[PDB]
Amino acid sequence: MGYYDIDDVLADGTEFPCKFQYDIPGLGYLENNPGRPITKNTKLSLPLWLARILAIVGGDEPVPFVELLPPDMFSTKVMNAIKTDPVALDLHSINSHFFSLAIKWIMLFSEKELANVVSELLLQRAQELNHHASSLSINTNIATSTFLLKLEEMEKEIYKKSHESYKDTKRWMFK
Amino acid sequence: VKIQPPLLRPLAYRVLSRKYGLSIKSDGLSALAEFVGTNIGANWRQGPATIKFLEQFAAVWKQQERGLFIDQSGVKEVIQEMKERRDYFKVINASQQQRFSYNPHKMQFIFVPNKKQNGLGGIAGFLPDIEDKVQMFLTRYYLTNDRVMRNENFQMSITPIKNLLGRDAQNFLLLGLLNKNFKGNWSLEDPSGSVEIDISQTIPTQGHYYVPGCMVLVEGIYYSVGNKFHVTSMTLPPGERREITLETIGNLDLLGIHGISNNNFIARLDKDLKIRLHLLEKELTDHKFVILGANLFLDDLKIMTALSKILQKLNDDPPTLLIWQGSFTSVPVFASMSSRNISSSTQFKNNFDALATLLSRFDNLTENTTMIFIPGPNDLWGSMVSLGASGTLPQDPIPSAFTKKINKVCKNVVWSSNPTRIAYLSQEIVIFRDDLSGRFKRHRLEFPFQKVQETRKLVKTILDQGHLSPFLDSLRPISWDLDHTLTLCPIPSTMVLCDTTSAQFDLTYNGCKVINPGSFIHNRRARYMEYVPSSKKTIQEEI
Amino acid sequence: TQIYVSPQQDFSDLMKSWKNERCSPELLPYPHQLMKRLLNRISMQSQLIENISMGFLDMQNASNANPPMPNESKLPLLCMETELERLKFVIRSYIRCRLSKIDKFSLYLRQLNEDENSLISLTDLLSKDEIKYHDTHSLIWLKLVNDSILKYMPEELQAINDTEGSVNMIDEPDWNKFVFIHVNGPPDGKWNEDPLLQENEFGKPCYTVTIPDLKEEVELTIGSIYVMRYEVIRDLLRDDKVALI
Amino acid sequence: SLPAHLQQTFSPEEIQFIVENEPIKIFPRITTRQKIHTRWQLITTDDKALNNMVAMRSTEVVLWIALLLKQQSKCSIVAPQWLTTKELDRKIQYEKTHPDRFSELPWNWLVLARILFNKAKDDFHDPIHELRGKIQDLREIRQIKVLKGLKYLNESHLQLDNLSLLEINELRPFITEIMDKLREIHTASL
Amino acid sequence: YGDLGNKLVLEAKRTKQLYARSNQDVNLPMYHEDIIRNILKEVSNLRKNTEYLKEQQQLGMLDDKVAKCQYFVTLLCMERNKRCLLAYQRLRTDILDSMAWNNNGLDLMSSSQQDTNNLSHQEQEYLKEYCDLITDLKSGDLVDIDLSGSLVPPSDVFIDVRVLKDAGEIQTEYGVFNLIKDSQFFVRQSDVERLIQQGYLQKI
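Protein chains in written order, with UniProt numbering: chain A, 1 to 60, 67 to 144, 157 to 193; chain B, 10 to 94, 167 to 236, 266 to 559, 594 to 687; chain C, 50 to 294; chain D, 2 to 37, 47 to 200; chain E, 2 to 112, 116 to 208.
Keep in mind that the hints were calculated from the coordinates and are not lab data. Among the hints, erroneous ones may be present.
The following residues of chain E were derived to be distant from chain C, with all beta-carbon distances above 10 Å [stated by the list, open to error]:
1) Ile37
2) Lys69
3) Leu76
4) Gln90
5) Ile96
6) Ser112
In the DSS-like style, the derived pairs of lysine-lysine whose C-alpha atoms are separated by at most 27 Å in a straight line are [said to hold, decoys possible]:
7) B:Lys187 x E:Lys142
8) A:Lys193 x D:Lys36
9) E:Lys142 x B:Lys71
10) E:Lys8 x C:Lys177
11) C:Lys192 x E:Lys17
12) E:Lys132 x B:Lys61
13) E:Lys132 x A:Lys188
14) E:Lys142 x C:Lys85
15) C:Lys226 x A:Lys110
16) C:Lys177 x B:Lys61
17) B:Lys187 x C:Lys200
18) D:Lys96 x D:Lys36
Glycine is no exception: its CB is placed at the ideal position from the N, C-alpha and C atoms.
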């Protein structure tokens with residue numbers, strides 16, 4: 001949680017499904033005709049930076071003005087795929103801010119079943135990250163680049179830092 | 010005591026290579042050696058004084074260039090130290178004015194190297210290249226568009271001409287060069303394209319001289335039956351003040367007296383501006399400058415008598431700057447086809463030799479006051495080809511071959527171009543000698559449908609358009625590169641708008657004050673006007 | 050510090066402090082007396098080397114005389130000057146690291162300072178020049194951001210020290226960062242009079258620590274490198290008991 | 002020192018400096034015994059060893075001073091005990107027979123080796139290539155053991171008993187970040 | 002609505018990559034204050050809209066729930082726009098200070117971009133004041149140590165160095181160095197670090 005962090009502010013802009021559990025006349029003026037109020041149980045794709053707070057203020067039966075639906079990103083299909091084989095799965099297609107979004111989601115909703123699967127995910131991928139980082143050329159096949167293009171945006175800094183550390187060690191060693 | 014350089018080297022090297030400074034040359038060591046020789050005494054045992062003198066050397070030398078080498082000039086910084094233990170104003174012509182281009186996509190002024198300084202100039206370096214005339218109107222349009230866009234009212267949006275092709279029955283706002291096409295109709299030109307205009311139902315904003323060649327804001331409806339833009343109103347773009355114009359570029363040293371900019375870097379300064387303003391606030395009445403009328407002739411006896419009467423009055427109390435403006439010969443000079451009488455060039459030379467004699471009896475004015483001379487319409491260079499008619503605007507100064515006695519009689523004489531710029535401590539002045547009233551009246555555009597309002601319209605138009613010569617190339621040809629000198633950008637505080645066809649006036653508007661000296665002689669009366677730098681005027685006459 | 054056993058002890062203390070500061074995720078206090086001694090030592094060393102250099106230069110340039118004997122002349126001066134250069138480099142790196150950390154946590158430190166209840170004050174943690182640096186830098190950065198953006202910003206949220214709403218702008222140090230430690234044990238030669246260490250099988254004295262979040266107890270024996278979070282090890286670090294690598 | 006992310010870990014040059022700031026033995030080629047001459051009078055090292063020095067005798071000096079004397083003909087460095095074939099043989103046997111424990115080696119491992127092989131070439135009693143190959147084999151097997159042990163990454167702690175400075179330095183940015191991410195995931199889940 | 006702001010943040014990330022791949026302070030990009038002032042004018046429109054909405058709410062005609070929800074939405078819009086702008090500005094100031102500290106506080110106008121005109125005027129005066137602060141800092145109790153010096157540990161005492169640009173002769177302590185073009189020196193390491201940093205020497 002950093003105010004002046006660029007990755008976090010980028011990740012806050014993702015869109016999540018929502019439901020207007022409570023009717024508000026005159027709204028929707030930023031999406032459709034301003035004079036047309038938005039009726040009850042109408043679904044939109046609202047960004048996180050307002051969905052986090054608008055679903056918790058309540059306003060007032068202190069029900070929130072909006073209700074947040076389970077996003078398709080966290081679905082049974084994805085959990086089954088990640089549990090079956092995590093090493094060959096490309097999370098970059100699902101999202102580019104998957105891990106930060108998952109952390110935010112699990113902080114908002116306490117779910118003791120996502121933390122262990124996600125932990126095993128990155129624990130298993132860390133070994134191949136180390137394996138690729140330790141392989142310094144002395157140019158390479160398709161497997162390494164195919165894996166590198168499957169990586170998450172947050173894994174790129176770990177990969178780069180490990181690669182630079184190993185490169186510096188080899189540069190100092192061989193003179 | 011003559012020192013040994015080896016035993017002085019560490020003292021200089023430590024201070025000038027570890028704490029501050031770098032790269033001391035051998036001549037720097039010699040200069041420091043002679044400086045120690047001057048301030049000799051209990052040295053090599055005296056700590057504070059020598060090191061603080063070295064720190065003062067640093068405080069003197071770090072501002073100049075970058076101060077990473079010390080050449081023979083070490084004696085010069087030593088003299089600077091010695092002398093650090167009216168002036169500060171300059172007069173500049175259009176020939177030596179600094180050149181600054183403009184770029185629309187980045188919206189900054191760009192310095193351009195001067196061909197005089199980096200080029201050879203041995204044979205011909207004053208000739209502009211071909212693309213300057215292509216880019217001059219582009220630059221003028223860019224500056225005008227930026228000025229319009231910066232306005233508070235306009236944040266409505268204007269549309270390019272070319273984007274008017276596909277739509278119709280809709281109103282639009284546009285601006286561009288209003289002129290005549292090849293066929294003979296009025297048209298608007300834009301960097302994108304051009305269209306035809308309609309005037310039959312146009313209601314203007316009064317107080318403006320609508321002349322071809324001036325940018326105008328146009329409102330109307332487009333029609334695709336032909337190519338007619340049916341106009342409903344026309345208005346000149348508004349103006350802006352000096353402070354808001356400056357603050358967009360900080361406080362640029364365009365007319366830089368403290369420092370100059372170049373291709374390597376850009377400079378700025380605002381700390382000394384208030385100091386100079388307060389310096390100007392005191393002893394400003396003593397620093398008075400007086401200007402005379404136009405078209406003063408050095409051939410008739412009456413003008414010489416009037417000038418003698420003025421000089422006998424002005425000798426006792428010499429002013430600071432005396433400006434002589436107007437044509438000094440009542441007949442244009444050109445080729446002479448008669449070898450029996452005095453040639454025109456010789457007579458022109460003779461006209462100034464009498465002034466050297468008349469200045470011999472006014473030693474106070476000669477000794478205490480500087481002279482300024484400004485060419486008129488029919489001086490030696492212009493009337494040589496234009497024969498007394500209008501011509502190129504950046505006029506050359508009076509040739510040195512015809513003023514060989516004025517420079518020796520008087521200790522301070524300066525010849526400038528027709529547009530000239532002087533930079534006071536906190537004031538900048540522009541003087542522009544030519545006729546405007548007749549030029550705007552004769553070529554005024556017609557619209558199908594007490595003497596103080598004419599000068600009001602003149603001032604309003606000349607300040608709204610923001611250019612000295614809002615006319616096309618057909619009327620007043622302009623030198624291709626020197627056009628930047630005629631641009632009215634960071635507008636000056638005071639304008640000496642000399643005109644022989646307009647009555648004398650002292651108007652001020654939009655943060656700029658304009659003065660309009662008349663002819664030096666009129667209806668058997670002689671008139672000259674003096675301006676106090678405290679925004680106060682006085683008019684005096686001697687029969 | 051109150052007295053010196055030897056200047057080499059001061060050098061060792063400086064090196065250990067630099068190593069602790071470089072990897073710690075939190076700004077640590079300032080050992081004033083150590084650098085007070087070190088700067089004065091540097092002053093005398095520079096003065097004496099300059100004096101001897103002047104002496105030999107004057108002896109050589111007063112007349113032809115005898116040139117200095119190469120033996121026992123160049124090597125000592127070379128050693129002194131290179132040692133001074135290395136010490137200057139170490140001090141420079143330490144100071145620059147502290148400056149970077151003070152640049153990072155400016156607003157949090159300023160907010161902490163004005164709190165009267167906080168027993169920690171800005172005077173102890175910083176040198177005077179660092180206080181002036183923080184003050185001037187904060188003032189100029191605030192003026193820049195106010196002239197750039199905040200002047201057009203609504204008054205209700207013009208304050209940059211806001212800690213309410215959605216996200217806070219205060220950057221607290223991360224006390225839970227994992228660090229690599231080497232259990233040094235007690236600094237004394239006896240290394241067995243400490244009232245905290247205990248014993249296991251086959252002796253091997255250890256230090257026992259607990260994790261409040263995870264509800265565990267971890268043994269830390271002498272002579273083993275561990276990977277442990279920083280929040281639970283602040284006291285042992287401040288007591289010169291463990292050294293970060 | 003900021004330089005982007007160089008404020009978090011040590012560069013290899015800093016490791017070389019911190020290792021070379023260590024004692025070492027030396028056999029001087031000259032004599033500097035005082036007449037019973048300029049004083050060394052250094053500040054961060056005992057002078058009494060340097061000033062009271064006689065040729066062809068054992069004494070202890072810092073490593074950088076030893077290298078400086080080795081640049082001239084004023085030095086003869088004595089190799090340590092662990093830089094010989096008969097010690098590295100028993101060491102490598104110890105690693106081979108024990109598949110879980112890192113053998114005991116000085117924390118200056120590979121670094122004193124690099125410096126001595128680069129500078130002190132003509133004073134070894136054993137061929138250089140053989141020692142270099144055996145050190146390479148040691149590094150190889152220790153790398154295998156580290157890679158095998160890295161699989162367990164708990165969120166609580168970890169123990170690495172006998173890793174040298176370079177091995178810890180080249181692994182810190184990965185292990186630290188992974189464990190920090192795991193800790194963040196666990197803390198956000200409770 | 003704050004989607005425009007996103008275009009800033011993403012752009013800033015590219016700048017960070019320029020800082021990362023090069024690992025050297027060089028060719029800082031040209032500002033994007035046009036989009037910033039566009040956001041400023043639209044958020045001024047938002048602020049005036051909030052003021053009028055509060056006006057009808059105090060009038061009594063407006064409904065309380067509508068007023069409160071619009072107030073929260075607008076407050077979130079201002080918060081996000083401010084967050085994006087400060088995220089841009091903090092990185093800009095960080096790279097500014099990073100390049101400012103290492104060149105001895107002179108900004109090196111003699112040689116890095118030439119005219120530094122791609123910076124805003126506020127950023128330029130910030131750079132000048134930061135150079136002033138850096139010059140002031142080493143004038144205190146650390147006068148005997150050059151903070152802006154090299155940070156590579158001193159490994160050797162005598163090195164070979166090769167000249168890169170031509171000059172005259174430069175005075176040194178007890179000696180003089182004549183920088184003849186394309187020559188090699190066998191000199192002390194602690195005497196040519198300033199020249200090497202300036203770029204006048206080569207082949208350390």
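Open item on the list: Are any of the numbered hints broken by this structure? If so, which, sorted upward?
Closed with: Hints 1, 3, 4, 7, 8, 10, 13, 18 not satisfied by this model.
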